[PDB]
Structure formats: structure tokens, C-alpha cells
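Only one chain is shown below, in C-alpha cells, and it's the form deposited without the partner chain.
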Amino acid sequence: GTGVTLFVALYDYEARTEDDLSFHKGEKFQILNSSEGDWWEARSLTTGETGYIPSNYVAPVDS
């Protein structure tokens, strides 16, 4: 890749507040904030949208 840390979705997720992101298994993200708890703010690569995601639904792309 280009050097930025990326995470991948392990499962589909449907958003539960206006500030959450919906995503498919296999989606890639840049993580923007992982400091305020277990909901992380992320940017989706295929959509470009930003929002919270549940951190248990993602894993680093490296492996």
C-alpha cells in the first residue's frame, strides 16, 4: 500500500447513530481516532465517508 495504516472489516455493520458508519465485510479504513473508547472514528476507503465504527469489527490489514 501507500504507507498509511489500514484496517479491514471482519463483518458487516449497520449504523446505529447518525455519527456511525455502515460498512461491508472487507471494507478498508483509515482510523482517525481510537482514543475515546472502543468506538473508533474511521474513514471508509470505498465510500470516503467518516464516522464511528465498533473496534471489534476490524483488524489490521497487515495480518
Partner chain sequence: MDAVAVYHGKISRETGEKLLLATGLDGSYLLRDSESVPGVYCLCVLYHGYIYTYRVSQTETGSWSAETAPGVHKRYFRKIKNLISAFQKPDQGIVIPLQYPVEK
The other form holds:
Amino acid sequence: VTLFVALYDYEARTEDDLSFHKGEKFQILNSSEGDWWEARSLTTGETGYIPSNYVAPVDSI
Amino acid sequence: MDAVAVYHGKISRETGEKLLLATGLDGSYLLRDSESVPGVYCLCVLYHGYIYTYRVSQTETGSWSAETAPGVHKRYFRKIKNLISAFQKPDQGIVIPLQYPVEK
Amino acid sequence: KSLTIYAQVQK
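For comparison with the form deposited without the partner chain, provide the form solved in complex with the partner chain.
Okay, now the whole complex, with that chain kicking things off.
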């Protein structure tokens, strides 16, 4: 597993959160945390935490 | 959450003042537990002979925030380590930027 | 007696 895509839009709740739209693709930098993963947007290059359940592997049915 | 190097846990207010005064440097800082309120923490920074204490706490959603002056917009952070980084920068609203971490 | 001052974020 390497790339993930956002399933739904999301407004950052905190300063270290990312704001992304449906379809936006990511690269996971830290999948250690429970429901919050650190990641980089491949659309903006920005880094930040994202909701674990708002994304799914790009090779998703 | 709270596994940062400057977190000292349950140390007394006076113990925190000592550790900071020892460095003799403005901007030296540490993080400890509040002496009487569960779930509340104190960010301590030395500036011109005094230890400035900012109260830090979580919300229901588990986001961290430092006590803000009335009329000023609060800022939230998922990880306490990002709240600290944000305050290492100049003109962020505190007496002096966090500069010398006093690790446990 | 105490060097601690309770502060708040100004910005």
C-alpha cells in the first residue's frame, strides 16, 4: 500500500489538520496513530493530519 | 498526545521555577501538570526573572489549546508537539518564543 | 515570594 484517495471533503478542525476535497490523493507519512494519520497532499504538497476513515487505498473497488 | 521531551509530569510549581531559573536563559521552557486540576497542563517559560505560565488543555474532540486572552481567537492542535512548535516562532502572542527546551 | 505569573496568549 502506498497511495490513498479521499472519499469525502474535509475542513481542518485544528491548525495541524489538512483540508482536502473528495478525490484528492495522498501519501501516508505516519500510519502509527489510531484514527489520525500524518500525510502529504499530492495536490498541494502540504503536510498534516487527516481522518483515518476519510481515505481508502487508491486501488479501491 | 503528551509524550514530548519537555513534559515533566507531576512536579511542583516551585520545582518548575527552579529548573528554569537554573538555565539562566530567557525562553527556556518546560511542561508540567497543574497542581490541582486534572487534565490541565502548564507551559512554563522564563522571561526576565519570572516564570510565565500558560494553561493548556483538551476539548471533547481531543484537540489542544492554550489559554487565550479575551477577544482573541483560540488556536487548536491535535498533537501537543505541534502547539509547542507553533510557539517557537516569533510574534505568536506569548512573552518570548519557546527557545531552550528543559527536558526531563 | 513567587516568580510565577499566569499568562494568556495575546494573538
